[PDB]
Amino acid sequence: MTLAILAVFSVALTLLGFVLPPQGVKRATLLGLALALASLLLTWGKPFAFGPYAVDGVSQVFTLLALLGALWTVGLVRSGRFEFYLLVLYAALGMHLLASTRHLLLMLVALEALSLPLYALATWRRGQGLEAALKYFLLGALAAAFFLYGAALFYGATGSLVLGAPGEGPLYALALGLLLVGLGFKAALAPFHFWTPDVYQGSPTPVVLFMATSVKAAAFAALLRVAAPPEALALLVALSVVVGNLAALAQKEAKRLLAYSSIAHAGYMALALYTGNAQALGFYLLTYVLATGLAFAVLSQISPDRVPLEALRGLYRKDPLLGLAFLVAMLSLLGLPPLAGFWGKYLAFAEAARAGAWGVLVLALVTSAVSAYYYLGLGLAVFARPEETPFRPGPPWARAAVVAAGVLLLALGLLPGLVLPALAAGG
Amino acid sequence: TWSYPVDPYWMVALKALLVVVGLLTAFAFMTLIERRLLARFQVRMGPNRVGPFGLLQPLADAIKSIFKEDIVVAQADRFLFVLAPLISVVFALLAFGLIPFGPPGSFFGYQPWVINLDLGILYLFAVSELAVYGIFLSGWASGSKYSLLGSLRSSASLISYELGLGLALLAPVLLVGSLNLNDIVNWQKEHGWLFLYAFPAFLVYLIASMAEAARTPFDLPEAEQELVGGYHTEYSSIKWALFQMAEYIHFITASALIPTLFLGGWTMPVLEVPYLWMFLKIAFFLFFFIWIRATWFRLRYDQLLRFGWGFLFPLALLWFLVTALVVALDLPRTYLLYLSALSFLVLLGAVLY
Amino acid sequence: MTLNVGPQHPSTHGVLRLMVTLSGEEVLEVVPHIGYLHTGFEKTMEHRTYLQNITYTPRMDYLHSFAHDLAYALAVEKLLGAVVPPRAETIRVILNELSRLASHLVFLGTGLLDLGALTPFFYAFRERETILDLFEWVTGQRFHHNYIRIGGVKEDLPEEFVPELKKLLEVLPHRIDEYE
Amino acid sequence: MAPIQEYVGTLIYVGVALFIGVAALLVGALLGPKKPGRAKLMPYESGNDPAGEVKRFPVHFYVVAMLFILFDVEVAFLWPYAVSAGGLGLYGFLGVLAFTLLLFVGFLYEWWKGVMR
Amino acid sequence: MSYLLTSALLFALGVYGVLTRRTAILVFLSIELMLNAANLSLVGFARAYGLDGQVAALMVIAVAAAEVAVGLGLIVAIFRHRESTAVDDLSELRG
Amino acid sequence: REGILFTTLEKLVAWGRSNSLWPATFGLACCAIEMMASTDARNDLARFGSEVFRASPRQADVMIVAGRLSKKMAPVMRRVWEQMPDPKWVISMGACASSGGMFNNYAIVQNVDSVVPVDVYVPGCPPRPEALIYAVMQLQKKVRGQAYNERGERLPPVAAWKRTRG
Amino acid sequence: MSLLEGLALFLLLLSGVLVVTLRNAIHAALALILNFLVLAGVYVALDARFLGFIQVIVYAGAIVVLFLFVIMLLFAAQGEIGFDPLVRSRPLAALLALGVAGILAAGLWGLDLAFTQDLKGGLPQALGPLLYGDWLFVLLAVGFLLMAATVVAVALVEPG
Ligand SMILES: CC(C)(C)c1ccc(CSc2cnn(C(C)(C)C)c(=O)c2Cl)cc1
Ligand code: SF4
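First to last, the protein sequences are chains N, H, 4, A, K, 6 and J. 1 is the number of the first residue of the first sequence in the authors' numbering; add one for each residue after it. 2 is the number of the first residue of the second sequence in the authors' numbering; add one for each residue after it. 26 is the number of the first residue of the third sequence in the authors' numbering; add one for each residue after it. 1 is the number of the first residue of the fourth sequence in the authors' numbering; add one for each residue after it. 1 is the number of the first residue of the fifth sequence in the authors' numbering; add one for each residue after it. 16 is the number of the first residue of the sixth sequence in the authors' numbering; add one for each residue after it. 1 is the number of the first residue of the seventh sequence in the authors' numbering; add one for each residue after it.
Hints in this document: simulated from the structure, not taken from any laboratory. Mixed in with the good hints, there may be bad ones.
Said to hold, decoys possible - DSBU-like, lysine-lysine: derived pairs with alpha carbons at most 30 Å apart:
1) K68 (chain 4) x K86 (chain 6)
2) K26 (chain N) x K318 (chain N)
3) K35 (chain A) x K26 (chain N)
What the hints assert, rightly or not - Over the 10 Å line for every Cβ pair with chain A, so calculated as not near, a few chain K residues:
4) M1
5) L19
6) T20
7) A69
8) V87
9) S91
10) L93
Note that beta-carbon positions come from the ideal geometry of N, C-alpha and C, so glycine has one too.
Between the sequences and the hints, there should be enough to build the whole structure, so can you do that?
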């Protein structure tokens, strides 16, 4: 009843904010998130379905990741507007509804239910935040139009709005293309990625954390249900990884460079969509969500609005633990042993080779080797001389969160044979 | 339209044309009657002049209205300025055919009504939105923000109460189970006078129709003595006549629909005569509404919106939910009679403090 | 919205121009503009004999004019020490309170009509006619009556004035209590 | 249900209404002195600026209309339950009641924050 | 089939609008045209495959109303005090 | 088209314009209350066809200059008069409007015919409401084309047709 | 059919061309309302009647009313101000605009479907049980979405 917990807690808190101080509302949101997470743990391997709502390994794992991101990003937000939390809750539930169904139209409703609150969530009033949010809104509504005509052409190709239907030839290809348009757009895959740099630079840092973890998690969760063709997948991966890393080289700003890196990271993730393994992909997204939440909590402690690369420099002298954790996250996102990001990347590569697509994989790997440039210019910068840099060294809440995230990354890198056994049915 | 026949299309055109010209002559003579009834209300007596009964003053007024220098204002939109009255009039005339004036054939052979759509109340609601459309569109087209703010008042208030109309109209559908007015009327024949079951909704419908240009928000608005209203202040010969005409047709359409749905739209237990009882109830609602016209003040469109949103709509939706409880469980129909009688006693006995 | 509620419109009684500084439906502040009726009584009065200026006195505040009539009369009298007989003074205060009644009737009729409903304008204004009839009985004029004089009043009351006035004094308390 | 004939009669109704309205507009326009003047065509209110130069109007109208779009969507969803009820039983009533209560919670929020603004 | 070709053509037209229009609100209107064309296609295919696409299109209109409400709030927020809503005036955040 | 070019049609439209006189309220001074009293519940200008009262100038034909026309109101009234439909009539109510009245000074137009084409003049101070009805009856039979002056001349139906307005 | 069918299709297509062409926001939106009326007629012709009535009441009565409200609060109609026209965008986008149709035509060209089903009118009488039923969860999700959008817009404007 995790859906029940989420919906009930959100609806109650909505009015309760009139009687509750913002701190109490934050505590209650935290409680609801933790309760849903625990309910997921107790239902490990407990498929539970009501209608089109279908809880499986994918829904379970990815909504767990989304709840993780939501818990963390709420940890930072202390503003005296309960709304800045309610939407969070709302968004969370939407992304759950994104992963827990096969119904295309319900997929659209969930996409709106998660995207709408995030749009307003980027309103620190900072003018560039509004520019980014407007770009996000217009591109998202366009992609929603595309996704909608995709669901229409799907119903044209089959009597049900559920994936898995037999499907015709060219018409099913066209409907699949129209769905993949919006879904990859939400997945920060090229050639639909352009919103990502602008939004990551403009939006407040913890919001960018929340987005870059939970949004992408739920998007790939829904994507695994699709029977994506190999050729369209080749185009998406090639363009995404190439443009992501290449444009990432030239960036002087931390958030935008990280946006391009996240484009490259989605390009890496999309390989499991070749087989729809959904186990390797769950592992990958676990590692990625942890590392990104870590890095972005660091960026928040630096400056919420904007953080340039030089701001990252000298982090170790300011905070050694934060510098080390940022190094660990940069490496795990580089996919290097013995870190869990390397296992997730390797598992995706195994799925891709098992699908038999060679050139795409080779180009992706060469571009990943290219990625080491900025992965290092971030990770190694931990030790540099502190130049002018905004530094407010956070609470111990986020410090312990960052520490545990890095520890989980390195542990699952050394011993992935612990959780990966339970990313399938989940014994 | 399971049980109701169909006249030939040429008869449809004939009947529509007769309904339009009847609405014309009717609103003219009703302007006379409103003037004279207001007069009786305010001691002063009406036009014992040009008639005898005044019933030739409307012709003089119309004949002046034409030849009255229909002017195309400069600094104004060439097209919308002239076009909007067509919308306001056309989409006002219609939505009157559905009202049953008798059983089939009681039109001396063919049909009392014009059209008997399966989904009627939605038709009425849709074309009701278009009257507000024409109103505020004309308000804009003048290019005078003086009238523009009044047009905005019009649209805001009428749209709020227009929403409330839906929550009012929900409840009787549960009992009837059909969206054609004639089935509702036959129901009112069998079980009897639906308002006995749903008086509160009736109120929130009735009061809602009071906001729909009858009077008392009276922030409809008119130019007189306040921030000028929309749909006037720049039109001279016929278009102004078209706006007043459409507003009065909306008035009579509501004053006929209210007896149709909740009360006994004709369907009389006594003498069961096709037309006369319907016309008499229409005139009765006219007498009450004119009593209100020359008896109650304005509501300022601020208190009016607050009242519409906080009072009418929650109450209407609550009544719908209660009626839905009774219908879904479907055991009695008496429970609704009891609860409605209690509700009316509440809304009435709470006054005499 | 620096909105110009112009002179005489919309039906702004007492021809007046208002520049409503306003954003929305509130009222920030209204800048008034008057002077649209300045006729120059303070000037034209300098050129009429003391007897004649009684013709200029009522027409300025045309609702409660007898206050004008009486104030001007008293000022001139004090200036030259004239004695008003008690009957004259009593008639003056009667007419003063009567025009007060007519003025307040017109004021509340205009106010009630100004925003809201029209009806009660008539009944109260109705009484004004009756009151005017009363005045037409004594002064032969509806308003702008030229009756008062420096010494006192122009001429005597007819026998017909008192009964009509008693009839109105009988109907008025019930009428006013009805409005209240 | 209903035969298509009544819908054709509906279109005929619209055609007749439009025919009469356009006829009335032509009667009004053709019959008149038609001697417009430079001042006659002036908008209103004593020289210029009935309103004239004013800044943008209050968002209150916007808020009311947005409220209206959402809550008329609500009513549009409430109608199918209004017609088909007995087949939906207590289950249908309870589902529609939960839906109604969600949107009524939205209303209670906007009310306790209020819209005078 | 005529209706589905009409849906495709209207979708293309609304895309032309979204790309061409300089102001946000006209872009938003073009998006409305695109979504409604999609719903038209859905109604056709529901007539073909059994009436479920009708409920689909209804839910779609509700979704469009929600996204319109939010988009209008955002459009108001950014360009109420600011000058003409044209999105070409906001280019601070670059690659 | 101007209400002309058929012997019956011009009679008909003149009849209509005569009894359908729709007043345009322009209250200026103390004449205004004796104007309104021509509508109170002793004596109503609400029978001949003047019950309703469109304050708008875009919708009313008779302009009742009730009170002294102060000069600062003259140009405004000017445009207000031009903001009337062309089938319009202008009555000059009171002495102060018709003549200079007793206010023979720098402040008041001594005859409103200067700025607006006057149809009917009405002396009095204030003109008894029934005299205002008499003036509108005078205007009535004028716009019917049934009015003659002391010199024997028939007067045109609509004054303000003969002025090169501009 | 085809006699009035082609006419309705021309009305639809031309109205879309207008709403994407005209620089007057009010005129574009009103052409779009004409489009929606034609579209409700088409829906009725497709035996979906309730959906057409809702398309009229919801879109026209509510949404574009507010559209017009906003552009009247904020004139904004002639958007071509502060142009940065980027002249190349006018033809090139049209090209792309055509392409997004052609590939769709490719999916639909040479495609004939079983359009033989007796909907018996898309009335809510029959549409309730699908809406309240197989779709009841989707309806509840949409309602929650509506509440979330309300809170979003309110907290978004919320001057304080
Ligand atoms: C509708 C009626 C005919 C009753 C009407 C006609 C004209 C007006 C506006 S002229 C006007 C009105 N009242 N006053 C007082 C003396 C009461 C302040 C004025 O000074 C002026 Cl100038 C208002 C109502
Ligand atoms: S004629 Fe007499 S009543 Fe009329 S405005 Fe002049 S002073 Fe006043």
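We went through each hint and held it up to the structure:
At roughly 16 Å between alpha-carbon atoms, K68 (chain 4) and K86 (chain 6) fall within 30 Å of each other, so this suggested pair holds. In summary, the hint linking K26 (chain N) to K318 (chain N) is supported, as the alpha carbons are separated by about 29 Å, within the 30 Å threshold. At roughly 72 Å between alpha-carbon atoms, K35 (chain A) and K26 (chain N) are farther apart than 30 Å, so this suggested pair is violated. The beta carbon of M1 (chain K) is kept farther than 10 Å from every beta carbon of chain A, the shortest such distance being approximately 21 Å.
With 10 Å as the threshold on Cβ separation, the claim that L19 (chain K) sits away from chain A holds: the shortest Cβ distance comes to roughly 26 Å. Annotated as non-interface, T20 (chain K) keeps its C-beta farther than 10 Å from every C-beta of chain A; the closest such distance is 26 Å. Non-interface call for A69 (chain K) relative to chain A: violated, since the shortest CB-CB distance, roughly 5 Å, does not exceed 10 Å. A cut-off of 10 Å between C-beta atoms confirms that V87 (chain K) is not in contact with chain A; the least separation is 19 Å.
No Cβ of chain A approaches the Cβ of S91 (chain K) within 10 Å, the least distance being about 25 Å, so the stated non-interface status holds. At roughly 27 Å from the closest C-beta of chain A, the C-beta of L93 (chain K) stays outside 10 Å, upholding its exclusion from the interface.
Of the numbered hints listed earlier, those contradicted by the structure are 3, 7.
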